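Based on these hints, arrange chains F, B, C and A with the ligands on the given structure of chain E.
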Amino acid sequence: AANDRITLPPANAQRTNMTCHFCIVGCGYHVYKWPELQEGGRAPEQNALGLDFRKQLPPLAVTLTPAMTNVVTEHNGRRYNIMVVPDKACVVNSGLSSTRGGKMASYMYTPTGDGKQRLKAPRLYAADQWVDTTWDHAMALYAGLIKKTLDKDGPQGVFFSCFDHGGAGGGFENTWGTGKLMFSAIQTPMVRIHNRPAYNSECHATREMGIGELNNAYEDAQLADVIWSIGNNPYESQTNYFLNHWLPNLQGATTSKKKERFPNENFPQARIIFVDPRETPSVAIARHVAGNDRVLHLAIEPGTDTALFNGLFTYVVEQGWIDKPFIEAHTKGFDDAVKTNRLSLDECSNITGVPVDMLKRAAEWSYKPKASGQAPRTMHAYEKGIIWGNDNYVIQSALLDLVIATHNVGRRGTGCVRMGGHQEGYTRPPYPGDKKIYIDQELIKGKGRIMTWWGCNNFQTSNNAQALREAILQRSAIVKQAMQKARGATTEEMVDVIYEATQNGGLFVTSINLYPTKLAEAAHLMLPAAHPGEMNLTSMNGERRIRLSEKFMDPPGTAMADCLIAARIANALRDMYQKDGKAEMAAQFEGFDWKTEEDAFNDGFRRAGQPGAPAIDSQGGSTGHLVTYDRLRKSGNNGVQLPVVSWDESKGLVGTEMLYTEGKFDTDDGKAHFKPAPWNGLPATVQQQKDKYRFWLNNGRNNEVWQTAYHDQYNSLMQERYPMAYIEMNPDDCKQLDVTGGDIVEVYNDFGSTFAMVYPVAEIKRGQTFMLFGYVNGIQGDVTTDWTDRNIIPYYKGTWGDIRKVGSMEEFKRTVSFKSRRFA
Amino acid sequence: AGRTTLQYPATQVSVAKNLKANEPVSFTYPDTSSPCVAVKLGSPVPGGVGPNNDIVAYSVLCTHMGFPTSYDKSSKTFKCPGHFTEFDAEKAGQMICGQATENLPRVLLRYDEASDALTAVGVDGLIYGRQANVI
Amino acid sequence: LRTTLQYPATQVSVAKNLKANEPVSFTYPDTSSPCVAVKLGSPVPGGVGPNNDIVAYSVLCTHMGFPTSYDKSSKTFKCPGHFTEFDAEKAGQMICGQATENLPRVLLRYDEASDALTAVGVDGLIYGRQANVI
Amino acid sequence: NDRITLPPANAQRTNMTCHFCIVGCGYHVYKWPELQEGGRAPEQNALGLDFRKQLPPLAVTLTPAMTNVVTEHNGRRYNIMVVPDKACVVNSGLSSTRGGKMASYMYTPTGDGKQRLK
Amino acid sequence: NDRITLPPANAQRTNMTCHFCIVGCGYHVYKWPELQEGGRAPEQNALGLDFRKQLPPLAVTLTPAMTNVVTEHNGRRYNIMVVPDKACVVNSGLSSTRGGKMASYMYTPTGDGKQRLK
Ligand SMILES: Nc1nc2c(c(=O)[nH]1)N[C@H]1C(S)=C(S)[C@@H](COP(=O)(O)OP(=O)(O)OC[C@H]3O[C@@H](n4cnc5c(=O)[nH]c(N)nc54)[C@H](O)[C@@H]3O)O[C@H]1N2
Ligand SMILES: Nc1nc2c(c(=O)[nH]1)N[C@H]1C(S)=C(S)[C@@H](COP(=O)(O)OP(=O)(O)OC[C@H]3O[C@@H](n4cnc5c(=O)[nH]c(N)nc54)[C@H](O)[C@@H]3O)O[C@H]1N2
Ligand code: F3S
Ligand code: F3S
Ligand code: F3S
Ligand code: FES
Ligand code: FES
Ligand SMILES: [Mo+4]
Ligand code: NA
Ligand SMILES: [O]
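Residue numbers (the entry's author numbering), protein chains in the order written: chain E, 2 to 825; chain F, -1 to 133; chain B, 0 to 133; chain C, 4 to 121; chain A, 4 to 121.
Chain E extracted, bound-state conformation:
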């Protein structure tokens, strides 16, 4: 109630720092907290915002809506106003909030709000019904099973899919806690990652070539002559990096800063190049801002990125638009890559479908020396269009070859970088196996006794998701059936019942989450976790800027920080082993004496590379010990860019702006290494789909929707806007199928069947479509194939299928806008 006013924060309101929960950008926010029955005055010095609400505010004065406010109820029963607003003086966002960040207040836990279905206690499926259980019963059952599996099968029987990421449901405390548990204690290799079905990297090729994927600053996007966005929709997917850094460059606001840095270098008007089969909102908005003459949309054929980059690499080499002194001093393998990667512009154009003039123009803008003699400063930004593209490893090989030859790493205004997805916050022991293992396939084939989903939901986000759900629901059913013959069994008897069920095909499933989710259809056990603001949390953004998000409120019920869940599990296991007289096995579960999340930070991030530390892989590096929570507090939302170079009381944390500025790469010899990039067409499994069925089933992000819609599903505005996952279709394709906006279609192939509401989109090419991924109503991933590259990276953007009209949803027609999301 009350749509037409807001309670201002009092001048003396409490104010903590909070990094945005969601995307890689890591925008800075402030959380104002104050007693419910107090308020600020409208006069600027009588409210905490310092803004004058006695008369209308001018544009850009504030970002403040009711969605940015809430009233929380704490463990003491007392009620507090909260206001979650962007920080004007944070360098990342300069006071910008995205629609996703902007809802943080609404998506904090309250008993009556959008967070009202938060998990507040252990949930147990007791054979035939959901009930609450105690933490100690949950641990006895879960630890008990794990212990039984270790004793009988070894670690190979214990499976996880876990976040490896930063931000909310990740971060340095959390990745350490989980990783220590999985790898040092349990010592299971049967672990996948939240977004991919093995224990691997998105960036094997670029790393192996010596270029870690987050090698620049956001300021580099301000200094660039040319930005490439490759398989990337950054207005929607990395909003405030695009808005606060890219667009000011395209508008000429950063020209004077380029000239001040480089007094004897021409800086033309900045240009942008998109490699994306689809015409996205980002393409449209770039055209609106910069003009059609400063945007090149290389609208490639799906999966032809490798051909594109081999053709551009061939061309820049033949023109001599390369850095020969750089190649000679700082690289290995160039001459070989020229041979293996050779492709003419005509061949490139036939494969990609991009005209030769556009290929030449992209090279001219990006690599041909400026009048003043210097190569253009070209930042090459890529994301999931190529990471989940046609052979992840080969595309990065091709792209990095182009970048290295043109010296577009290590110079300011350059970088070949991930745009990123989540924030980053990785500190973990090494992976304890010697093999990549395709975990979903293992599960489908009936391996494993216990599977834990931790801070992910592969029912909505696996590749080949329908095969996965089928297998897991059936295996879960076997355990359910076995449990319900028990009456009056002790916990230990129940452990034996369940374990026996898993010898007959069953699988015990645990989810550690904020919410039930669709995993509740299969899970036997669900544990409540806590998100940032309910806990302290550290993470870094796409330029490696580490920030502390401060606790300001209690979790719901007995919800706990995931690192502390991991400690709880470890301590339960240790106790069981100690009781069973197994001192060596107990010893593996030592080192989780943690009372708060800070303890996990001290044990992981701050120990990396230190004397008497075990092997630790940390994005903080060996100077991570210089970071403390207190020092990050003093740093504000600006934090420090990792790695930290120095600290003292008078200077604060001093860090690292750009990687590779002296030409020393992360390889044995200090050189960047070129790689061969063969063009082999589409994978046979994908090509088979394309040969059988009509439409390319592209997929990915919507600006407004975050991920699997775990919060968004409970937001009445979001559900009114997107009550179902939508599929962008060409209008002429639509007419042929007798569909229009708000019709429902089935989308289907050999891999599965799913459902979407029709969204006619003039910019979609005939025989192409675009479906929202990961959603709560119509899961896209059912039609993705099982195909992965050499390191088990899926081609999620590589699938084809047919489309069938179900019928017209009149209510969608009455309430959902099918107007264009490409601004002009």
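Hints may contain errors.
Unchecked claim - DEER-style ranges, computed between Cβ atoms:
hint, chain 1, residue 1, chain 2, residue 2, range
1, E, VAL132, B, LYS18, 55 to 61 Å
2, A, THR17, C, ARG6, 43 to 49 Å
3, A, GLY51, B, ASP29, 21 to 27 Å
4, C, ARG79, A, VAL92, 43 to 49 Å
5, F, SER41, E, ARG695, 32 to 38 Å
To be verified - No farther apart than 20 Å at their CA atoms in a straight line, the calculated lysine to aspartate or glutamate pairs in the DMTMM-like style are these:
hint, chain 1, residue 1, chain 2, residue 2
6, E, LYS89, B, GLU111
7, E, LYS89, B, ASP110
8, E, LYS258, C, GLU37
Keep in mind the hints are simulated off the structure, nothing from the lab.
By construction, the Cβ of each residue, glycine as well, lies at the ideal position given by its N, Cα and C atoms.
Using the frame of chain E, we list chains F, B, C and A with the ligands on its own:
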């Protein structure tokens, strides 16, 4: 003391029959610092007023960061030049795409058949850059 | 050809880490040249940063080269050798002493975008050097 | 002496009419930080002239008298170069001996303008 | 500015008592053609000081104020450097701020002595 509602003014905008289909009229509501548009859409919509139940009215300040939006007659949307938010005039200010976390505020119109008058009498939603719709 | 010295660009810190009247030590343009940057707390001509108040100096006395010490109470650099004192608020002006040159100023770029302070040059000649860049 | 600091390609350039006689010849004033300079390559300096080899007659009017170092109210030092505009219709790049000295006769604390009333 | 021309090893060296106060501190005046200079190695300059690396405290008294370029009656230009004598018993290499300025207060056409009666 007591009152839970804001004291909205009653401000005459026009008579309904003076509005042409898809030709926006400008006015201020609830004071001269709050620019608004009323438009006859030409086809009935939920909550439209006037003889053809098709007249709607909005605050034009973007609910993201407050730039005056512009009515596009060809799409019947309000487009913000600041961060490219677009609102649907035919779906009660629903955000088509953008960075806002609130729909475009609706100006509530009374339509009197007796006089043909449209009177602004309230706002549904919070106008950008205001503690309350009524300052 | 070239008439200018090739100064390095050296990161000092971000401006917002500096506390008013608490000197930060760094070396510029090499590790044998000790420098201080201080936020004065009040704008001064040619101060950098959000409040135009950050200044930086070579601390080697321009008399005979002893490291000077920043006095927080006067905002000066004092030399223990022959008692020269320089004003940090007047671009190294000699208040009293035996030097014939003001205390050299380290020229800082301040980038609003990053909040970085970068040492990019020196105004004045550092003690006991033929050129500021050796 | 025997060298000049070139204006960097991105040097600030303002318009100045000669201080002195009726003719009103057009000049450009290049201003840049003291510790920066242009390259000799024509695209790496503000004049657009090729100082990697001898220039031919009429290519420039440039002497040390047409250069100075000013100290601004902020204490910061800036190179200036005050040279005739080749595309001004009045003078077509000509400078008289009088206008040619304008740089020298700008105020600096140590130069020809040192005794300026302050 | 930010550099100094070193006296060559073979530069002319004369004795000079300070112009000013009673103490009568001893100095050396180094004089040499404008287009020559000393090297940084201690045996390649007249000071015998090692300018290949930072000098320690008390090693020298040397600023730009202690240097000048004089124009002689023959029109030829000469670097001068007026610096305290380390082996003088009076001052043991000390220079006051007043005597330290002697080079600057020598007569040159463009310097501090420009208004000398001629
Ligand atoms: N609004 C919002 N933002 C988010 C997220 C969110 O859920 N919602 N999620 C975050 C996460 S975890 C991630 S991973 C990022 C992902 O951000 P992006 O990778 O930017 O987003 P996607 O929509 O997955 O894919 C980008 C583009 O890949 C194109 N594409 C498809 N096939 C190919 C191909 O073969 N080659 C090329 N070159 N392009 C192709 C698609 O048309 C699409 O526009 O977004 C992050 N930001
Ligand atoms: N077809 C197709 N499939 C894709 C993609 C695509 O482009 N196309 N994108 C892939 C990408 S890049 C990604 S990132 C993955 C995403 O796959 P997921 O990781 O499976 O989905 P998310 O929504 O990020 O999952 C986060 C989950 O953790 C919960 N959560 C939130 N905060 C916390 C917390 O503090 N603790 C814990 N324990 N749980 C928490 C949420 O409620 C939610 O269930 O999907 C992948 N799947
Ligand atoms: S507000 Fe949040 S969603 Fe990304 S653009 Fe900024 S981190
Ligand atoms: S004195 Fe006269 S001739 Fe020209 S350069 Fe000056 S206007
Ligand atoms: S002023 Fe006196 S102290 Fe020495 S340098 Fe000159 S005699
Ligand atoms: S101010 Fe309107 S979209 Fe941001
Ligand atoms: S050495 Fe500093 S006053 Fe003499
Ligand atoms: Mo992702
Ligand atoms: Na039962
Ligand atoms: O991701």
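Going down the list of hints, with the structure as the test:
no.: 1; hint: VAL132(E) / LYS18(B): 55 to 61 Å; result: holds, 56 Å
no.: 2; hint: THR17(A) / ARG6(C): 43 to 49 Å; result: violated, 30 Å
no.: 3; hint: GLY51(A) / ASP29(B): 21 to 27 Å; result: holds, 23 Å
no.: 4; hint: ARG79(C) / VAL92(A): 43 to 49 Å; result: holds, 44 Å
no.: 5; hint: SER41(F) / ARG695(E): 32 to 38 Å; result: holds, 34 Å
no.: 6; hint: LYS89(E) / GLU111(B); result: holds, 12 Å
no.: 7; hint: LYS89(E) / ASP110(B); result: holds, 16 Å
no.: 8; hint: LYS258(E) / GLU37(C); result: holds, 18 Å
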